[PDB]
Amino acid sequence: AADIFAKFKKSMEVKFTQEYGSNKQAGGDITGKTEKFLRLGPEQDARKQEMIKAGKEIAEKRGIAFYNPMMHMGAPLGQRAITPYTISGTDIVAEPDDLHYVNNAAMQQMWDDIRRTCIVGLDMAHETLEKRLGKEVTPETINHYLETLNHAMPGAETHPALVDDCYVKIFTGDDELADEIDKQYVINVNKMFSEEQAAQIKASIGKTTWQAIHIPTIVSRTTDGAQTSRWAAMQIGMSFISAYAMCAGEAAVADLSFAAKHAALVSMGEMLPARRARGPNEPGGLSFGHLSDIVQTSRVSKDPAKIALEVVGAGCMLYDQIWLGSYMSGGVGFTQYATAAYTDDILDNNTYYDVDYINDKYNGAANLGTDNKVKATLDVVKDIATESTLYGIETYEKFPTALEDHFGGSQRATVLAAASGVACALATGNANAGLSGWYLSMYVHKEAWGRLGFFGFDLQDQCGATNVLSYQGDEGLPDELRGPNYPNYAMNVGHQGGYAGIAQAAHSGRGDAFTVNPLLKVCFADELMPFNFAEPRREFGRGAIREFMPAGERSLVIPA
Amino acid sequence: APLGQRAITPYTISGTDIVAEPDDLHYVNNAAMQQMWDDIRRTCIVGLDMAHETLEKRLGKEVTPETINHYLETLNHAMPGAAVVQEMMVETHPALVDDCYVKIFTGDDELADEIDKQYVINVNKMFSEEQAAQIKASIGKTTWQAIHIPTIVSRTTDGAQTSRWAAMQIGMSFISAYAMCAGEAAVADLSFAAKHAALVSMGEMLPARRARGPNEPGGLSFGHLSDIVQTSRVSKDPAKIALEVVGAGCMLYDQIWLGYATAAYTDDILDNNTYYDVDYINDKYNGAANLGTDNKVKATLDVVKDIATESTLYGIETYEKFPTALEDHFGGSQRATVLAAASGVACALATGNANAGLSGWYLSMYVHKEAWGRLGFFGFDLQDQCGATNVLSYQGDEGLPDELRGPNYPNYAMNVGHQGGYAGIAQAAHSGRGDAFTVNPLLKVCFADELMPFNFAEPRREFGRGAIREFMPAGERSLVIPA
Amino acid sequence: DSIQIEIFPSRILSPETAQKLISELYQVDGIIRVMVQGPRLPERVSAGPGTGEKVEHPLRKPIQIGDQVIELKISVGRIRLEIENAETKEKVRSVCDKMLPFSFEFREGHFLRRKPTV
Amino acid sequence: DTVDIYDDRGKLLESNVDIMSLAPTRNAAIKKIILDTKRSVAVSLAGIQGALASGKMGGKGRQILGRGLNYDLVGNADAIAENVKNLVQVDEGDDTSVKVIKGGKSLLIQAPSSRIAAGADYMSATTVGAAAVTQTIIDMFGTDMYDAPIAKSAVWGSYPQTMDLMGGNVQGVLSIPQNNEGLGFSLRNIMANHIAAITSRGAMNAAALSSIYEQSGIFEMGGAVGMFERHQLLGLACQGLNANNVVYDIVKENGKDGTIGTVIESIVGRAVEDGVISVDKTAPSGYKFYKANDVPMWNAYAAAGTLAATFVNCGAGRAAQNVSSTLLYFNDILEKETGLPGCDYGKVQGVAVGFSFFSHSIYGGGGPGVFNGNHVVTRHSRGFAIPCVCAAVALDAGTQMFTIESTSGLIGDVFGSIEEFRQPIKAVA
Amino acid sequence: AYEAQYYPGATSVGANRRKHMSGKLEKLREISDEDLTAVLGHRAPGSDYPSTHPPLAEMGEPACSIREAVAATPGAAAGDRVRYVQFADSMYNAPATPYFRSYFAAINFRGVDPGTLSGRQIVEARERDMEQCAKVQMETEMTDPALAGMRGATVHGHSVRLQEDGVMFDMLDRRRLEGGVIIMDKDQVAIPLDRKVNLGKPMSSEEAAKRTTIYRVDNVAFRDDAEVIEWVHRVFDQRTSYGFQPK
Ligand code: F43
Ligand SMILES: C[C@@H](OP(=O)(O)O)[C@H](NC(=O)CCCCCCS)C(=O)O
Ligand SMILES: O=S(=O)(O)CCS
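Chains as they are written, first to last, in the authors' numbering: chain A, 2 to 157, 166 to 569; chain B, 76 to 334, 346 to 569; chain X, 10 to 127; chain C, 3 to 431; chain F, 2 to 248.
If you're looking for bench data, these hints aren't it; they were derived computationally from the structure. Note that beta-carbon positions come from the ideal geometry of N, C-alpha and C, so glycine has one too.
Sample of chain C residues facing chain B (criterion: CB under 7 Å; computed from the structure):
1) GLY60
2) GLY63
3) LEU67
4) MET147
5) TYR148
6) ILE152
7) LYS154
8) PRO162
9) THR164
10) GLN323
11) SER361
12) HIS362
13) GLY366
14) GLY369
15) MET403
Derived Cβ-Cβ restraints for the label pairs, each shown as a range:
16) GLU205(A) with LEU185(C): 37 to 47 Å
17) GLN19(A) with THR126(X): 47 to 57 Å
18) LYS192(A) with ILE567(B): 29 to 39 Å
19) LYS136(B) with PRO169(A): 53 to 63 Å
20) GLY334(B) with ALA122(C): 26 to 36 Å
21) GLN36(X) with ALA11(F): 45 to 55 Å
Start from the sequences and build out the full structure, keeping to the hints where you can.
Laid out in structure tokens, this is it:
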């Protein structure tokens, strides 16, 4: 789109042609193919100067070598200018350093919110109480029990002010039940969604009642993600025993203890195999559909391209910077494999151009709806993906600054493939169509430029095309279900972020209420969370400016 | 002048002058406890000799002390999350990762001698000459790295984080310091060496049923927890060492891993029982409770029966003469835990054998049950009834030297108030012998560092400091957080 | 400079005996502060199917000590004192012999806080 | 679909053998190899004695001070073997065999097949072998009642505290079932050095045995149902088992001065001559796009060419390092030069991409000899890329650091004494 | 006719434990069935017993040999719901202890589910079977009203020092001395009855210690009971060897 193309151009202007800090890049032509490298060293950043000063001071204070840019081989970091990054779809200008997840508080808080959250089914517990305990459950009783749960869950020996981010809410597909319950504990599907979205949510969850449980963030940080389920189960049992006047010790109440603790407990993620052994509620087991649902962009916007792109941004960050960047790898990080898909609007420009192209060729097939969508065939995928990839390549080859920005080939390949897959899933309403378009984009990129990406970026992209439509056992799943534990996707960066945005697009373009799980869309449809899942990419920018206040900080129990 | 009304009887940390409310010893409100777990979690040991063989073979390099000085400086730059090879990238802020560093301890005396003494853990300086001799004999003339990745990275991640981060930064530092190509087969060999071939994890990975991963408290066996605690290096009282290991293990296992214990490290009841036990053993077995490898008695059923029964009877009499810790509204399972810990530590000190200590633990439990008719809550009795027959069995799933036992042991898998006692028993089995380490010298020397925010010489004193808002943990994000 | 003590009656004191006992201890010289710990006395059942019922415990009485009415929430079964001198510790142990009609213990050490909080 | 199977010397083993007769679920010799891998285990008597004497047991760096037991296990290894056979064997005279390998330092315990048929999986062999050795130690060396744990952990490592016998001295060809990446992956979890060592460094024997294990594990994981059975059997016959001697013919014809490009020419020439592919369209620039008349047959030809090219590259260089680049670039330039997908339709090529990355970077993996079929890097090709890795490792000459000896000395020493493993192609044929 | 011995020990506590386990207790008082039902607080006194399922007579049963051979208890033949009577015994010489109260329940009453804690001993059974067991436990010397009592919730007080007048502490006051006798005036869940239940007088301290089963240093101590210690040593020794080698 011209408006998005304009903002892409403005981002390149503010990045290269405008000076940042003290790199002296003021002036230039973002369509020009030459530049002079001043070699000012890491002291051109100013923030890097802060890091150098702090590292040196710590080196004197503690008594061992800590951080010396001179131990970079050759010359220090920054022999070419340190130009900033602009968050896609916003105007907050961010330094590269602030987008490293260690240095971004909101970036950490996102994972600390998905990690500490659980949803426990509640129909079976009420049914057991009614039938096998005689204590009929009435909405007054649910009000009292949820009051008991809401502060017991924080712990009640947990500090009253250290666990303020620890609360529980309920959402129900029973319209008449949620009306009486005290609205301080209810997520109301009928007024957080539109009529058709809420209709689909209610149709998919039925007449069932669920709890959204959020354990304290400090507890999640101290232990792993598998403590969330046990903390929630114990607090649920305590609340049931203490709110329904039931003795603890008889055998029959143990059936209720099972029913309310873990019979209808839905975990964010699941177990992983040995090499990457981890338990539930870790990013390796978090599906692409689950990440699509944790992002509330679908609930609060009608634009399908924006929804898919927002899911892509958050996804890259969670799956590259946290999951693959830290858990599986560690080190400096993978922040710049990830900032490609949520900074500088190259991905947005490509995807909006693809939306225009599809609407022009397939009679607005990329507009919201479910009947206009073209059936997914090889011809449609080939057409949309190739044109998308060719346009993205022409843009990199026409704006040298866009090429220098995504200097490593992996960033460029990810941007092109994400745009192509999102466009294909929008046009066809099929997530695997978006996947096959992604892989065709990778092939066009490789054959056009003679280089694709890092040494092993092509693993899941050579394996990509053939496995999209297979129905063999370990190959093939609808994308909505796929995740980092998928055999191809388990160990490579620059893909899993865009894969989630692909699945979101297949359902975003249809006006769907949820991607794969309605309990997640409603569970996170709560504006009380310290993180704003309605627009995550704006959240990372907020963290990079030091204006995001997270939870789990221990300042009250620490010397000042 | 004032009149206080309370029904919670505030705990006083054992062998200290600090009394803390019962809700200050919860790991949520105690920063020292969290910092202890972080230090154990973020720490890893990687050998330097296999990587050196790879460099000398594949590349034909010479690995001299000056190159090691340069490489260690490079690594201490690169480990906290900084780049050393390529350009235009981010780097973790040095203020948020200042608790990260790498040191080398070596059984080669010379190689430790001409290496820069800021990156060297000197065994001879830190350990007594007997313990140092034992350690150098155990490890050989091999060099090891003691890597401690940032606290914040371990909090934002799990315990599986550590080996990965350490291996990546070790490989990058090799690449930067030894002038080898960014990508080549030698780099992979170094990565495989660091990640697997020469890595010593604090804990191993747990089975599928326990929905948790490597380097968690459940993989940290009792020998490793004994070796992490640095009282055996600092003091010679064989009972104080075991009591410190019990005090740290009770916290780390019951409070964190299993989510009460407090009594084991509070009010100086188990300490008094253990000291009486040591006196009794010295009086009857010719001072076998003293330090030494010869003065210990062969462990037999009669010896363990005598020691455990006497310890249990003394504990019962002391309870029945001055309870002072009952009446807690929650029962008396801690009574059984304390009695069993005392009996097991006494048996281990007298015999120098850890499984003898376990037998004492279970015998004390049975004497408790038969003397009072109480044993604890519904749970609790499982482990004891089982384990009394699992002490000396050599069947596959049952039976292991205690040192190699841990929270993932089948019987010990789910119940509280027991595992800290086993860690203490394993420590006492060797502390009375004056041994340098329990089961792993690499862990014993790795944590003989004074830069840790947590003092592993006095773990219980560290808990006491944490409980009074005078412990400063790492991993704070105040730099990035708004004011 | 101070030393601090606890008295451990062999039977949890009833309010009347605790009423007189604590009353004249405040007359005892050299006491900085005193504590009384023991089982709690709820005014309502807080567990079990009989939850939320009235409980009027015989031991819950407004003890009249030092012209002050105090509503016991507990059965005082542990009294920890605070004395800046040891020669009053002889006084405190002496008085507990006369007007506590049964056997009791008497230790010394750090009991109440001796440590900053908050 | 009928092939011939040729041994590694290029001789004719069996003529016209039907492909379906060669499947893992139908072939007797493959089933016997699977059973032996399931039941056979190797014990390091030298390591047991060392742990007992020095107390160095329970994993890396672990050592219990003051509980050393001084037993001469190596001296009395024959009596130990007799008693371990007495304990392990279910009935007298059954298939239970225990041998003393390499002068008493190690044992070979092959538990009876009844213990396999009377249990869910292969771990009965390991557990029964460890129990038998521990019992024999306690029996013949008079270990005290209170020294039983030490004799137990000198064999069992840290189990049950750890999932596997970490630091133990009894191990088998296959790792514990808890280490699988998926359903049926257990037979795939054999590192490359194990297959290199078992066949005594014979390239077309290491390749054959590795492909046998890979295809067994892929049949177990539901990978050959319907047409995919033929799809995988063609690949196994052509690549692993030297179908019609194509691999060895190519090796001879491109050995003295060959490269990857010449092997690509050889594969495309043989395919075009046999009719497996024919020119579909010719572009204006003269490039002839080819179309695969027989799609599974073309995949088989690509796999055979991949193995042959790995032979040529890693035998010209004598480094097992080049296997990743051979697997990648043979298929990649085959696609570029014919207009068809590579072996396993980009799956082998992508596995080669990832395996070349992880063996050439700081992110893990290691040498080519630490990769197996269960590895997360290489678990993607349906049995066509790991055989090349094992063959490359067997075809190295002292270039690797983590050599066959270092990682699999015990495995090689013990399991190189079975003829069905030293000659896997003869066994299958 | 194997004459059971039930326990080793020649001391007074040995005889008392043999009596508790063997059920040869002295009926030291009497309590009416309506009063017992009221104190149990499971329902309204003088009603029919509610059922959780229809009688086994009409409900039909599978052809299980055990069912045909194990005559179902009367409280289960009528499909009575399952209910619990809970006690808290003092360690200061109270006539019973949780484990031995449980031994009495498990030796003397069919269809019982005793559960022992350090401060409770719950007996769970079909409603009228638990009625029988509770009546036996309350009417005999096994239960001293001063040093025991039904306690369904907040059972704290077993290890607390007895009241200054010799009654075990209670947070809810399910019973207290009234005019020299124990009067129980609440259910075991501590919501009041409509009446007052007389449990007799509390047995004096001396005879209480005479008929106790707790081992204490004040009274007969565990240390000098060489018989019990010998039994414990033998059991532990057998456990240890037979874990090592069952031979
Ligand atoms: C030593 C390796 C091999 C290896 O296994 N990892 C390296 C280095 C590593 C280090 C670099 C930090 C340091 O200096 O210590 C880290 C940050 C991983 C970590 N330890 O956290 C990383 N690469 Ni690499 N690596 C990247 C990339 C790349 C691109 C860079 C191409 C270019 O022209 O600069 C190339 C490979 C390719 O051709 O695609 C690359 C190679 C390499 N990558 C070469 C170094 C190349 C050199 O000497 O210049 N990375 C990228 O493609 C961009 C993002 C950048 C990642 C840092 C971030 O995004 O956070 C970084 C990701
Ligand atoms: C392959 C495997 O390495 P190891 O087999 O452990 O050496 C695995 N690496 C991860 O999957 C990849 C992390 C690095 C990703 C870099 C960008 S592809 C792991 O950590 O276990
Ligand atoms: O140089 S490599 O492509 O292998 C890794 C870059 S992240």
